[PDB]
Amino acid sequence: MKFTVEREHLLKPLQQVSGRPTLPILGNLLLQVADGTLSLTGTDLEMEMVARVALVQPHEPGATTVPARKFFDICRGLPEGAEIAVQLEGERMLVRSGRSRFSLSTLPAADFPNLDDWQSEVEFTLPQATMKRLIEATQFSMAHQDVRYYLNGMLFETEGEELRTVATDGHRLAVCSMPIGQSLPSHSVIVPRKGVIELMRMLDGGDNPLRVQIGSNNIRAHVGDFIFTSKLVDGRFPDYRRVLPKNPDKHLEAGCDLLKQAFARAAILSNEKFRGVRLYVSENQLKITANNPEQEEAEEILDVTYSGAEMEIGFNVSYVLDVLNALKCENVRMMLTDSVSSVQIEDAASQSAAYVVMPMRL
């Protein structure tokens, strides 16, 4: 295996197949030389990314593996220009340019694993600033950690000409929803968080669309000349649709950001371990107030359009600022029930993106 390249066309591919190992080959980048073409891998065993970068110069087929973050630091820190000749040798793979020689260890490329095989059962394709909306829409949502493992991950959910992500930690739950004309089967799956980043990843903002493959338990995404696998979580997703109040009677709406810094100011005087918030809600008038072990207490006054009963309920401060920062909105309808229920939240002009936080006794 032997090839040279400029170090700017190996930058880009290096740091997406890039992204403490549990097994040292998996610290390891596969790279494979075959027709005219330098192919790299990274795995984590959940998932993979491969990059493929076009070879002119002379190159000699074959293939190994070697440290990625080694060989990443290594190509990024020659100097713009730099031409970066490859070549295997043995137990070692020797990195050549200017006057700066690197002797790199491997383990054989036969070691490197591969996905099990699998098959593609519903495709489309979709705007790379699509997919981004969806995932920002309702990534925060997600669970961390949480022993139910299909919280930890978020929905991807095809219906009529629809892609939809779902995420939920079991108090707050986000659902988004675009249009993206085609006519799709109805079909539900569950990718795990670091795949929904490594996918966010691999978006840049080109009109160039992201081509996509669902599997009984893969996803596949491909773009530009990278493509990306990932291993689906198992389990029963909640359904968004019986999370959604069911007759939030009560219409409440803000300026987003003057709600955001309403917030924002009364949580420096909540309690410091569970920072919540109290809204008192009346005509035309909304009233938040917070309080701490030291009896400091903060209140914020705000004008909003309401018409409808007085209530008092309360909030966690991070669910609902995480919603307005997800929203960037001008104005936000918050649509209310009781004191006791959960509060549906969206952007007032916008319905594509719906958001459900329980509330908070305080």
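Numbering follows the first chain given and starts at 1. The term rigid core refers to the maximal set of C-alpha atoms that superpose within 1.5 Å between the two forms. Compared with the form deposited in another entry:
Here the two forms are overlaid on the core, and between these two forms the C-alpha of 208 is the only one among 186, 208, 216, 284 to shift by 2 Å or more.
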Contents of the next structure:
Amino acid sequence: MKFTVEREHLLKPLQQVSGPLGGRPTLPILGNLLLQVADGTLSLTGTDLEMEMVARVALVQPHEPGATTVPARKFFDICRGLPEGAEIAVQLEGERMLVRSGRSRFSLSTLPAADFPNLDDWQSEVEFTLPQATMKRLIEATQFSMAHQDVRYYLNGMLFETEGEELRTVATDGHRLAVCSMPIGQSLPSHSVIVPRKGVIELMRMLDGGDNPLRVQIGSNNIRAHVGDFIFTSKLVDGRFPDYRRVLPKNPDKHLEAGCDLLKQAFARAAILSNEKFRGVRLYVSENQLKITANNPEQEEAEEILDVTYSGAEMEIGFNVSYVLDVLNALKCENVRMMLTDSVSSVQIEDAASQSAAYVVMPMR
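The structure above corresponds to the form deposited in one PDB entry; please provide the structure of the form deposited in another entry.
Lone chain follows.
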């Protein structure tokens, strides 16, 4: 195999395919990228066994078909290290891959293409396209609520749910939940899948922001996303995700509205004097007022008083301030709505101007 490609045509694909790859791989071949020349296209593949990233690069310049695997980080660094506009001539010579550009020459060790892990074939059950910005919004709105290395593995991922013309993401750690729904403009069958944490991270990373729409294909045990010349494929988490619909407060009697920034800053300041482990704060809701208090084992105390829009009954609710701040930071809006029941029931937090994202936080006794 041989190919000549402009450095500019190779850089973003190399960066994208090196994504699933970590500092210390399990197998040495996992530290390598699979390079395949065929039909005037160079395919680059990176894997971690659970997910794969494939990039396709058009070859205009003479090339010979073939395949090999090269150390990803060394190959990317070589190409990146080359000057702007450099022409990269690559050729397979025995058990070495030769990289030449100008008066720069590199010989990289190879591992056979036949040894490269093949992700199992599957047929797509549900396919839809959506703007990149929509996928970014869906992920960013819920990602922080995913569990961190929880024993219940199904919580360490993001639920992706199709229902009618909507795509929905759900993330929960058992204490707080985030749910985001976005219209797709295509009638979809009801499907529900769990995308692992790393798959979620990769889906985010692949979104360049540009005009290119994102094509999503969901199978029974895998998910695939196509963006421009990239194809990301991930295994799904085999588990049953909790029902978010049951978690949502049914008819919250109490509705509080406040400026997101003022609310966030008051909680951020009060957080300083809350228990380092338990992060407990107290909310005292009263007519057009919110009082936030915190105290820690060193007996330090914080108090914040805000003007809010509230007319219901006075109540005292405890919350892990980190969970509240996470929601307020994910919101990025002018005003927020907090929907309360009682002191022992979950709060629903939203944009006061949008119901597309809902945040459910279970309180603290």
